[PDB]
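Protein chains: 2
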Amino acid sequence: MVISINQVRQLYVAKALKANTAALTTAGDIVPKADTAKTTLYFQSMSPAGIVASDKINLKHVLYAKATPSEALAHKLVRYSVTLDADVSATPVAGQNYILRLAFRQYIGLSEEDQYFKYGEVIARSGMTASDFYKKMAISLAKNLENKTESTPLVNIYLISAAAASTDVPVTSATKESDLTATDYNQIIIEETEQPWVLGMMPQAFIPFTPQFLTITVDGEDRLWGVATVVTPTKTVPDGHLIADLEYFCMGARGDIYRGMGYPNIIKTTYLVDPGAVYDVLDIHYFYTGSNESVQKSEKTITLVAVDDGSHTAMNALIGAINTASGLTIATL
Amino acid sequence: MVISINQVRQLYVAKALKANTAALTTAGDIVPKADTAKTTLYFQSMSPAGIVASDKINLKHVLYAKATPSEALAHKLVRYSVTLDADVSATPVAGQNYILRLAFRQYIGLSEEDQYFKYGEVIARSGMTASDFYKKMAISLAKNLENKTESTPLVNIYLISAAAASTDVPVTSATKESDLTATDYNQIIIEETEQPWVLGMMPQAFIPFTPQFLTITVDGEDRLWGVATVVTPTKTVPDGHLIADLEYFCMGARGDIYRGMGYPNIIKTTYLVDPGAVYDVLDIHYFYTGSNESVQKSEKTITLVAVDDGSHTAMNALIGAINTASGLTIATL
Numbered sequence: 001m002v003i004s005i006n007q008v009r010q011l012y013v014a015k016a017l018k019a020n021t022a023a024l025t026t027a028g029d030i031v032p033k034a035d036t037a038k039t040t041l042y043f044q045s046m047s048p049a050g051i052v053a054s055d056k057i058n059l060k061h062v063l064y065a066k067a068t069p070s071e072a073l074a075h076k077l078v079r080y081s082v083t084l085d086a087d088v089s090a091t092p093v094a095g096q097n098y099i100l101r102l103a104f105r106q107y108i109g110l111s112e113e114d115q116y117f118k119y120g121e122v123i124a125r126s127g128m129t130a131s132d133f134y135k136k137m138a139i140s141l142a143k144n145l146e147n148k149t150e151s152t153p154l155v156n157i158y159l160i161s162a163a164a165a166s167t168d169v170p171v172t173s174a175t176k177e178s179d180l181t182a183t184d185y186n187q188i189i190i191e192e193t194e195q196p197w198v199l200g201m202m203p204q205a206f207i208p209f210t211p212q213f214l215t216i217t218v219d220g221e222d223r224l225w226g227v228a229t230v231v232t233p234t235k236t237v238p239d240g241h242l243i244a245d246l247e248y249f250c251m252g253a254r255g256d257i258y259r260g261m262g263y264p265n266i267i268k269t270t271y272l273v274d275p276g277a278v279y280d281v282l283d284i285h286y287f288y289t290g291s292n293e294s295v296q297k298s299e300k301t302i303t304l305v306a307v308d309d310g311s312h313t314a315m316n317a318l319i320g321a322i323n324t325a326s327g328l329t330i331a332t333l
Numbered sequence: 001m002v003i004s005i006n007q008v009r010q011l012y013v014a015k016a017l018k019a020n021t022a023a024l025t026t027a028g029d030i031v032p033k034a035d036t037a038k039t040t041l042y043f044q045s046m047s048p049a050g051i052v053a054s055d056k057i058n059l060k061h062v063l064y065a066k067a068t069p070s071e072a073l074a075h076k077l078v079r080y081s082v083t084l085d086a087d088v089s090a091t092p093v094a095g096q097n098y099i100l101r102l103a104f105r106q107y108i109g110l111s112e113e114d115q116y117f118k119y120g121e122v123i124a125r126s127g128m129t130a131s132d133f134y135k136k137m138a139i140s141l142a143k144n145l146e147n148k149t150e151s152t153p154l155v156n157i158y159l160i161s162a163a164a165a166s167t168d169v170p171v172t173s174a175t176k177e178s179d180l181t182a183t184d185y186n187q188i189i190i191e192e193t194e195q196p197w198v199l200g201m202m203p204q205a206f207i208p209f210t211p212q213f214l215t216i217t218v219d220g221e222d223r224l225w226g227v228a229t230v231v232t233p234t235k236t237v238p239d240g241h242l243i244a245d246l247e248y249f250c251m252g253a254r255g256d257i258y259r260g261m262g263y264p265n266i267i268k269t270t271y272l273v274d275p276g277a278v279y280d281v282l283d284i285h286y287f288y289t290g291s292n293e294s295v296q297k298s299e300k301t302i303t304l305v306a307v308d309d310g311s312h313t314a315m316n317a318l319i320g321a322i323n324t325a326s327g328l329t330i331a332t333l
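Protein chains in written order, with the entry's author numbering: chain d, 1 to 333; chain a, 1 to 333.
Same shape as in the complex, but just chain d:
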């Protein structure tokens, strides 16, 4: 995952916070060092091959410093609630074919011009109610979408029982309608899924979607049979696949830019981000100006990531160690 830079950006994983240079013993330790005059801030840390210090931040030449929680960096998956249009008919009219076109927009390619469509179809019956429609619609959608031998999963299908109204009933291709026994179904939730991820090589990306409806002949009138509204999101993609890509890039500004290229003839870098753990990010953005005529700024930033467990314990202690050393006023998340 290549990112943009204002100028060079360095990341330091804060796996443990110490109070001296001498206490740095394990890979992932950190200590914010400063003066007693508070004119220079740097971060001594323990690399996987020894102690390494960061750049020296002039505390007069800081632009901003802000700390971002984990839930700010968690992607909310988009949900769409597919119902029958009550103006058209609240019950399925008999003998009509109910086809639904899910329009994917950023399928495999990177643009909106690379598009993809998955269909679901139900021909309504004489005694088919609304819940028996949503049952057969979601069985037909999951049969087309969530086959096992697809290339990537696209969306998740969930019925909702009107008695429950807050618990998602998962519908897959292996699901039969013998398993779906509830008689009060009021919507079909279609919700996007998390794509695969390889660190550095495949970034975190999502394929957005919209459900679209073909018209039915209701009373001699070609009316589109349903409406699709976007309900509030109830799931989040965690921060871990985003920070490990943020470390894989920012370990070439310190380390090797040739990552893997002539394969046995490489330096291999040890990365201290566990991709299955959430992190909080602190961005100290600062600059350098020269003596007399070298007044152009070299605006750069030093990133710090700390793993946090619910309440942000390790980041608020990191900020509290920076604020007493630097004299800064970084706000605590």
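Derived from the structure by calculation, the hints contain no laboratory data.
There are no misleading hints in this set.
With beta-carbon atoms standing in for the labels, derived distance ranges: (1) d:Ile51 - a:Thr91: 46 to 56 Å; (2) d:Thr21 - a:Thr149: 57 to 67 Å; (3) a:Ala103 - d:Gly50: 35 to 45 Å.
Which residues of chain a face chain d? A partial, calculated answer using Cβ under 10 Å: (4) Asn6; (5) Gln7; (6) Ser298.
All residues carry an ideal CB built from backbone N, CA and C; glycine is no exception.
With chain d held as given, fit chain a onto it using these hints.
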């Protein structure tokens, strides 16, 4: 002396801290002047031809302001102790010629490639005491050194008796063995010497050396007969000659730069530093920035020298008058 500049260096001599203007009547007086809003700072000082005000320091643009205690600018004359070590022999071997070579560097030229060697030799006898060897080695050094009819020698050779242990007997080319009457001389002191100095033309320099020994053979093996240990220095060169050379260079950034070139047709610059008094120094380093395109900095520095009474009362009064008027907090020494 020629020193480097950060585009300028201005020097003003402080002789009496007057409280305001129209109290400056004698040459050397100074008042630190600033406005009520503490935006600009300057010094109105009585030059030997009238009141002169310094360049105005924008107090938003002060890079550093720090003062020097005048003990940190005094050079220590290095002492070396020459002794017969107990490992080879603590008594002079009866047949061996003991030669002590003094290896100078930065002799007349300016490099360590200009080396000068002076010698001192004693051939020992059967009944020679280790105390009588140090009397003869110091005199044999004081004949090869201290032979200059022109000037003071490159080193001064002293003798400590073990009964005294803190008062050094001086050994000159006039000194014979009848004058040294003690029986317990235990070491030889080879001390540095202050070189000549003339104002503005000959800078203050020193000639470093190393007492080196030639091999004698005692237990069949050629062993170095002595040990040269650097004693902590007991003699200093005061801060007079460096400040007088500092005022000489930095009064050409304000006055005449032709300091005696076409010799009858010259402008005489009256200097206020006498070279026989110690001086505390106070450096204030500021810059200038212009508007809308001229964002380049014109860094400057203003030097203030004040005579030392040992308890630093003249500089601490000058610092405390600045901190009241300017609002900066310069650390009192």
